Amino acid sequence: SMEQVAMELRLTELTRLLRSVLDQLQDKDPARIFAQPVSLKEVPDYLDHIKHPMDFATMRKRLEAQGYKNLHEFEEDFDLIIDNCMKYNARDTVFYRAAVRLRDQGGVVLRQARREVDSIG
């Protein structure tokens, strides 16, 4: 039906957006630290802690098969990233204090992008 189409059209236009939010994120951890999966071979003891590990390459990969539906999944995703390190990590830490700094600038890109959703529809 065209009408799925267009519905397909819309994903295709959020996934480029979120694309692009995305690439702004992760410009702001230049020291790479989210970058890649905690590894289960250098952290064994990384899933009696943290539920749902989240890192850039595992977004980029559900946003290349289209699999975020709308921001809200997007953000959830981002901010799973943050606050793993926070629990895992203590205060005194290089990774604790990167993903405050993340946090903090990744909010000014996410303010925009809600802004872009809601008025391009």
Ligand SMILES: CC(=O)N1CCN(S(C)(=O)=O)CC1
Contents of the next structure:
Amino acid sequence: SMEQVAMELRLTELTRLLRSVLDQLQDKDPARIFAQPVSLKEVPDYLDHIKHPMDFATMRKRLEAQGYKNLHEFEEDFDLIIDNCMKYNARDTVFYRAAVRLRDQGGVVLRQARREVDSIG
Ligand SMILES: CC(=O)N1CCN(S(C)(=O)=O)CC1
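Any chance you could show the form solved in complex with the ligand after that form solved without the ligand?
In what comes next, the whole complex appears, and the chain from above leads the way.
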């Protein structure tokens, strides 16, 4: 049907926008602290702490799977990366401080991105 393809063309180019956003979010993580899931081999008790782990690699797989149906779902995943980190790691750790910076520096990018989405519908 002509309805699903035009729709697809939106879901597909929502995807296109969010990939752009994601690459900008990740550049705010130069040390690549959030690039990959926390190693369960290196932190075996991790899941006893964090019930919904998240990282940039995992977001990217969902992104390419066209798994984000809107910007809200995407931001939820971004938030998980930051909030997990600020619970698991103490305040005076390179980890915690890295999540604070990412959250602060990320906010303007998400600010823009929210304005583009409602714009192009
Ligand atoms: C995301 C997070 O909280 N990290 C702290 C633990 N480190 S680790 C296993 O020591 O390299 C990975 C990043």
